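The chain contents come next:
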Amino acid sequence: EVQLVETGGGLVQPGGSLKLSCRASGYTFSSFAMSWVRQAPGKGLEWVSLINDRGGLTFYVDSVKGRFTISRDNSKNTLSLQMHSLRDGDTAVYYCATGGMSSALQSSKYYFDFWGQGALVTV
Amino acid sequence: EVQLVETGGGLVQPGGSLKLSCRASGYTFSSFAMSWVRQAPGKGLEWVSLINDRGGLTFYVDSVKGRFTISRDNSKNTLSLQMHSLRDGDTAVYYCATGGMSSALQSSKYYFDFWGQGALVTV
Amino acid sequence: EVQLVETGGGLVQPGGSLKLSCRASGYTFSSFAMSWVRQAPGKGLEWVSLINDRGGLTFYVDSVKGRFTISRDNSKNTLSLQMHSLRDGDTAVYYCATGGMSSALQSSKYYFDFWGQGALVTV
Amino acid sequence: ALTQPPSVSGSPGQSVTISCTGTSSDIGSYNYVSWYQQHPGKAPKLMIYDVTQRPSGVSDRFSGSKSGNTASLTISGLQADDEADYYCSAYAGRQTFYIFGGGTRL
Amino acid sequence: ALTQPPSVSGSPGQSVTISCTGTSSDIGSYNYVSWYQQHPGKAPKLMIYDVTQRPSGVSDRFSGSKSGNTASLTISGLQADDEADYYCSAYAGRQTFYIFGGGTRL
Amino acid sequence: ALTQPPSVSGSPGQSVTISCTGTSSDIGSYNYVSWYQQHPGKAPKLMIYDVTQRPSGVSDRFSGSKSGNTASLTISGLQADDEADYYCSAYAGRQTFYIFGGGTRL
Amino acid sequence: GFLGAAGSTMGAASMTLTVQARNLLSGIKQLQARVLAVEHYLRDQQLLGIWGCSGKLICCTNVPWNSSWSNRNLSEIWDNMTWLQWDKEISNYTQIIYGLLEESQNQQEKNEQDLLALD
Amino acid sequence: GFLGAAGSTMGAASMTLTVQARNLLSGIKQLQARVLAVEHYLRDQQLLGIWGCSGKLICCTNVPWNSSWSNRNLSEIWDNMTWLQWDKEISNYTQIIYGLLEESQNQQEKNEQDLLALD
Amino acid sequence: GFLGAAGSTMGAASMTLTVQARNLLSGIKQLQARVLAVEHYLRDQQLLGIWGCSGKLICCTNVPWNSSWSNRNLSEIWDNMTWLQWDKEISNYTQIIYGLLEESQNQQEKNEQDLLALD
Ligand SMILES: *[C@@H]1O[C@H](CO)[C@@H](O)[C@H](O)[C@H]1NC(C)=O
Ligand SMILES: *[C@@H]1O[C@H](CO)[C@@H](O)[C@H](O)[C@H]1NC(C)=O
Ligand SMILES: *[C@@H]1O[C@H](CO)[C@@H](O)[C@H](O)[C@H]1NC(C)=O
Ligand SMILES: *[C@@H]1O[C@H](CO)[C@@H](O)[C@H](O)[C@H]1NC(C)=O
Ligand SMILES: *[C@@H]1O[C@H](CO)[C@@H](O)[C@H](O)[C@H]1NC(C)=O
Ligand SMILES: *[C@@H]1O[C@H](CO)[C@@H](O)[C@H](O)[C@H]1NC(C)=O
Ligand SMILES: *[C@@H]1O[C@H](CO)[C@@H](O)[C@H](O)[C@H]1NC(C)=O
Ligand SMILES: *[C@@H]1O[C@H](CO)[C@@H](O)[C@H](O)[C@H]1NC(C)=O
Ligand SMILES: *[C@@H]1O[C@H](CO)[C@@H](O)[C@H](O)[C@H]1NC(C)=O
Ligand SMILES: *[C@@H]1O[C@H](CO)[C@@H](O)[C@H](O)[C@H]1NC(C)=O
Ligand SMILES: *[C@@H]1O[C@H](CO)[C@@H](O)[C@H](O)[C@H]1NC(C)=O
Ligand SMILES: *[C@@H]1O[C@H](CO)[C@@H](O)[C@H](O)[C@H]1NC(C)=O
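For the protein sequence lines, the chains are A, B, C, D, E, F, G, H and I, in the order given. Numbering-wise, the working numbering puts 74 at position 74 of the first sequence, and it's gapless, one number per residue. Numbering-wise, the working numbering puts 20 at position 20 of the second sequence, and it's gapless, one number per residue. Numbering-wise, the working numbering puts 78 at position 78 of the third sequence, and it's gapless, one number per residue. Numbering-wise, the working numbering puts 10 at position 10 of the fourth sequence, and it's gapless, one number per residue. Numbering-wise, the working numbering puts 3 at position 3 of the fifth sequence, and it's gapless, one number per residue. Numbering-wise, the working numbering puts 19 at position 19 of the sixth sequence, and it's gapless, one number per residue. Numbering-wise, the working numbering puts 56 at position 56 of the seventh sequence, and it's gapless, one number per residue. Numbering-wise, the working numbering puts 110 at position 110 of the eighth sequence, and it's gapless, one number per residue. Numbering-wise, the working numbering puts 117 at position 117 of the ninth sequence, and it's gapless, one number per residue.
You may find that some hints are simply not true.
[As the list claims (entries may be wrong)] Restraint ranges, calculated between C-beta atoms of paired labels, are given here:
(1) C:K65 <-> G:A6: 53 to 63 Å
(2) C:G56 <-> F:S65: 30 to 40 Å
(3) H:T61 <-> C:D62: 48 to 58 Å
(4) C:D62 <-> G:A6: 50 to 60 Å
(5) B:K76 <-> H:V63: 35 to 45 Å
(6) C:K65 <-> E:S29: 33 to 43 Å
(7) G:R43 <-> C:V61: 48 to 58 Å
(8) I:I58 <-> F:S29: 25 to 35 Å
Quick caveat, the hints were computed from the structure, so don't treat them as lab data. Even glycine gets a Cβ: it sits at the ideal position worked out from N, Cα and C.
Bound-form chain A, shown alone:
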């Protein structure tokens, strides 16, 4: 079956940096667009960043455009997220997911079809 596993660091301090990495299996990595979302204990679901199937295009929420980078290594089937400053309001369980965008040769998606286990980012 399809699997998606979040990995990365744990405790961070304000003003630092953190790289998260998702390993995908059970499907062709390069055939799906992906995104990063977060769930804070005191919040609901929210979207953070979106990456295309190739990786050429990236999109972010206004609150992180100047700090976060979403990237992907298609040969390693690995999605990466580099974060900076890591403010107290950024503490949450972060997830990566497949779906949410399409190449315009595949049908419309705009949905997050497969969700990983998640990893907790604590400031």
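Position chains B, C, D, E, F, G, H and I with the ligands against the provided structure of chain A, taking the given hints into account.
Using the frame of chain A, we list chains B, C, D, E, F, G, H and I with the ligands on its own:
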């Protein structure tokens, strides 16, 4: 002589829908760009929306742009304004007027030359 | 090496118009971009406007765009700043300076180097 | 927006003026300031278009003028039967097409 | 943002609905409203996409709809195993890609 | 605007650092932070440009530095003729070209 | 390679358009053949020009797909069909699409001219 | 139809440019004739290129109208004149307009390059 | 004049591209010469096309400078060297630069298609 006669409903509930249709006579309809303007019963008159002579381009006041559509049929000599999601502030006498724009080949106007009788829209 | 001399007005009534003209020696105007930067009477320096080496492009801060125009004449080796509306918040010592940009055929400067002695404009 | 006096007055046969002011960008940038005469109960009719040009059907009593960012309509030889709600209107660029002032009574 | 009820409930076997209200521009214009069911301790699982479409591997009793500026998830035949936090999500254009509501507990 | 200390206190044989802090986006993105020395009664003279570059006519005792969203000018071997108002300036992109701080009296 | 993707799916084959574009420009009868090849090239470039595609290889337009030309879904068309089969499938509709593209571009250009005319 | 608008007013005739554009392209002297037609087409396309209009039938520039070339108003030019009459009235100015268009495009390209150079 | 700037510096020469470009178009053997000149012109136009530069004489791209091709500074390249010297300086790298430009334009067009797809 030029005549513009507005026909449409004069009473709608908040959040409803009304289509106000202006019939033109006395001139070549397709040769002029035209607009809808409104005047509240106790206030001055303001511009609402402008449509090009061919109907290709439409412009609206931002406070109504998301809910009003201006359209025309040159073969029927008919101008219409489709209003949705009406707010209490939209109660006014609306007027059909010819002028206000020139499609590049003819001399400019930026004025409303011919005026109709008007129609009262109650929200 | 390079000398910048500014000629212009002094105390002018609000609502009028002034033209401050910078002449210079030591370089050809067509080879360098130039700017107007002002000294607040009681504080520091503020950039007002920048004009490209050829004069084709002009840039202003938003607080002055509606009142100030920067113009160049390479044949006369003359730079000028025309100011209109004369808001009394425009009192300052206005300095003529070189630099601020390049035309991509020289390494980008992004700084000012030669300075004149300025002219005090009051309102 | 545009600012226009709520009323003017004068005796029959006299010259009166109605001013129209507003932000300097909208009036100074574009020389398209029109005036309309709206008799009570009637739709407005064009009185002046462009800064000074008069349309056909309007008498010589009505003449436009502009200076700086202030526009005006001059009504010479004012008649008692001329009383109407007068409005000024101007082009405001591509983002905002037209701006109207308030009505002037006589 | 989207508004969801804090919680819903009902008897086993009962049909219930969960509403989602957003701004009329984004919900009306964009027909891309989905619902996710997040069991406690688990990541959210997609249940409803394209307003009325069901992914494979999802119970047929799960459905949804859109109306006006709102959308809803309908869960017929409530089971004890259906206790989860429900979330709605919608496309909001190019400036904002996704908008979400809070969780609704069964 | 950029922040800058209103004044510092130099002395013979010591080094002084004049700090400047601005928006992290503009300072981090555009590595074009210059420093000027404005003698009282005179126009500002360029002392440093770029993070570590120096113009002709200025000795090596003046050196710039950049880190994070901050920048500084370090001066050693302070002379009587060095007592002037120092200013920092940085490139802000196409919408605004330069951001300036206040003056620091030695 | 030239036509190397000819047997590939339409999606995969869309990534080699520059190979064909470069290679298509690579006794009197031989000069006639060269002139005719040039005329065919120029007619194709003029046809792209009138559509407003300029030099783009993948030109997106404002003409909707009618669905009567072909009722296949996007995934089936791009993943399970070749360009030869697709081109044969819609050979009866090509001139209609071309006419619609020309009309759409004429309306677009007039609309742009009128927008530029606004002060 | 091809040249059907030749006797129509300039305004109405501007809507038929597509037909003439398609009709510009459609034994030693037959080959020579085809080559000459190609050369004229390419000269016109290059001339549009230098003006920055390579992809359009109708394009606006930044060059002002002198008004000495023709002092007619837009209504008279577009509604009361044919394209043949207009071409005759400005036959002595066409190369001046062409030179001004080339200079304007050069200034636009240099200004665009300098604007792109800004970070 | 044609090639008048050939001995001038690259910066000054960049302002005369229009005259040199316009003069590129200006029994059997001369007809062959005309056809060959047209073919070379079209080869250059197609090369500009695949790079997305068909509409202008000065086209900036998204390919960074490698610095291994030439390590001269910008001022040296534009103010001291002539275009003949520059051509010699990088004569060994043209086939790499063109390929990179092709790949860059292909990625740019695909990105544009994906951006247009967003509702
Ligand atoms: C041809 O078909 C085979 C069948 O699986 C496939 O593996 C191969 O990639 C195909 N190649 C092309 C060029 O379509
Ligand atoms: C689509 O095809 C039908 C088939 O007759 C035709 O009637 C209709 O006009 C077509 N629509 C368009 C937009 O081409
Ligand atoms: C496309 O149509 C075929 C026709 O049977 C169908 O089997 C396939 O599932 C469809 N695919 C999509 C994505 O709609
Ligand atoms: C196209 O027309 C031919 C006959 O000329 C017919 O055999 C073929 O089926 C048609 N194809 C379509 C897709 O209409
Ligand atoms: C030709 O002249 C007649 C005069 O009445 C006019 O009605 C007609 O439209 C004209 N047609 C063209 C193509 O100029
Ligand atoms: C119009 O043409 C005349 C011809 O000599 C010239 O002198 C004048 O400067 C021109 N005016 C403009 C605005 O081009
Ligand atoms: C155009 O000019 C002619 C005379 O040259 C005049 O008769 C006509 O009324 C003018 N039209 C406009 C709209 O200015
Ligand atoms: C052009 O110049 C010739 C010179 O004799 C003159 O006869 C002709 O009328 C001129 N035409 C225009 C439109 O100026
Ligand atoms: C040749 O070099 C001299 C040296 O100053 C220069 O003045 C001249 O313009 C150069 N020739 C050209 C064609 O630029
Ligand atoms: C420069 O060219 C060399 C050629 O081997 C290449 O290895 C290197 O990565 C290139 N550097 C850049 C920044 O393109
Ligand atoms: C650029 O190269 C020239 C070649 O002599 C040299 O004189 C100049 O100093 C160099 N400039 C820089 C900044 O490297
Ligand atoms: C090109 O390569 C040859 C050897 O292959 C070498 O001798 C020559 O100097 C090189 N030229 C340049 C400009 O790199």
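Each hint tested on the structure:
no. : hint                        : verdict
1   : C:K65 <-> G:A6: 53 to 63 Å  : 57 Å, holds
2   : C:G56 <-> F:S65: 30 to 40 Å : 36 Å, holds
3   : H:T61 <-> C:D62: 48 to 58 Å : 29 Å, violated
4   : C:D62 <-> G:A6: 50 to 60 Å  : 56 Å, holds
5   : B:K76 <-> H:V63: 35 to 45 Å : 41 Å, holds
6   : C:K65 <-> E:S29: 33 to 43 Å : 35 Å, holds
7   : G:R43 <-> C:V61: 48 to 58 Å : 53 Å, holds
8   : I:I58 <-> F:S29: 25 to 35 Å : 26 Å, holds
Hint check: a violation occurs at hint 3 only; the rest are consistent with the structure.
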